[PDB]
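So this first bit is one chain, no partners, the form deposited in one PDB entry, shown in structure tokens.
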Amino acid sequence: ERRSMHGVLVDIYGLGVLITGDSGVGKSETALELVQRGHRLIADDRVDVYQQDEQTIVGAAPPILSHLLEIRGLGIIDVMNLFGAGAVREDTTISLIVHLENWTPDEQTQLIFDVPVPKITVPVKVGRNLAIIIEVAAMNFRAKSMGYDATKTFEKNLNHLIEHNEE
């Protein structure tokens, strides 16, 4: 059916990436920086999702919010109007979820209509450029699909090094 979720849905390198996280974490601002880097904004703040298959989910923006971004201080901006067609997209299947947790010293999955969508959690902490990390998260996700898993390859190389160091 159709449920609405809180977050920002952007098309990054062809992958639908849903950015979640407590209000105030700066989801919209990060999304703004992503469209400038050449990505597509699907929906800001309210993402209306519905299950297409038993393996895929689709998100979109309620018509009233289409093309809009609310940025604390500036107000509402229309990215279609400020950046053109290359900045928006009617909808997209959701491939990855990156949840922005607020950092404090003290695989993964999330279900959306009984379909487990992969998720990663990045910490919001001074000095971090969130747009860049999310962009790479998508980039890396895509690479793993193409068969290049840096982690799995490293762990393989590490075990050979350990097994070897046993002299």
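Shifts are known only where both forms have a C-alpha. We call the rigid core whatever largest set of C-alpha positions still superposes within 1.5 Å between the two forms. Positions refer to the first chain, counted from 1. First, how it differs from the form deposited in another entry.
- Core-aligned CA deviation for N157 between these two forms: 2 Å or greater.
- At a threshold of 2 Å in C-alpha displacement, with the core superposed and only residues shared by both forms counted, the segments of at least 3 consecutive residues that shift between these two forms are, in sequence order, 102-106, 110-114, 151-153, 155-164.
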Contents of the next structure:
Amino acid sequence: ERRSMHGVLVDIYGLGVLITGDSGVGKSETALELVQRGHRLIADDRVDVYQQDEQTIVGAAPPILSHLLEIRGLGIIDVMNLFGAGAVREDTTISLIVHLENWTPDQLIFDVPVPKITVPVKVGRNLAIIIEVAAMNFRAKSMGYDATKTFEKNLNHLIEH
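Taking the form deposited in one PDB entry as the starting point, write out the structure of the form deposited in another entry.
This part shows the chain on its own.
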């Protein structure tokens, strides 16, 4: 079977990232900068997921929404038109989700245990780049590169200075 979720599904560095968060927070706008930044859009506002394996989930946009993105202030926008074929992608695996929230103090998952992170929304923060970094990073670990390793490496430096 399949299901539907809110949020926009972009493709960053070939990494399926599903941006989620209470309406108005800035998911469509952020996905627009990401697309403008060379990344691929799959689904905006509403996403149709269809689990492929027991560890791999796929998402896509409902037929009507294809190649489209709404943005409070300009309304519906065809990214294919404005940016060319490299701004859209039919389907993709959701390898990570980013929940855009707001403010408080501070390795989650979701609907079929999928890597998830939550970033706060506040003045002076480019969500587009933070999501770009979030992806680069997630990808970096998969290869073994971790902040912890570098951190353990720095610690030696002192001990053995």
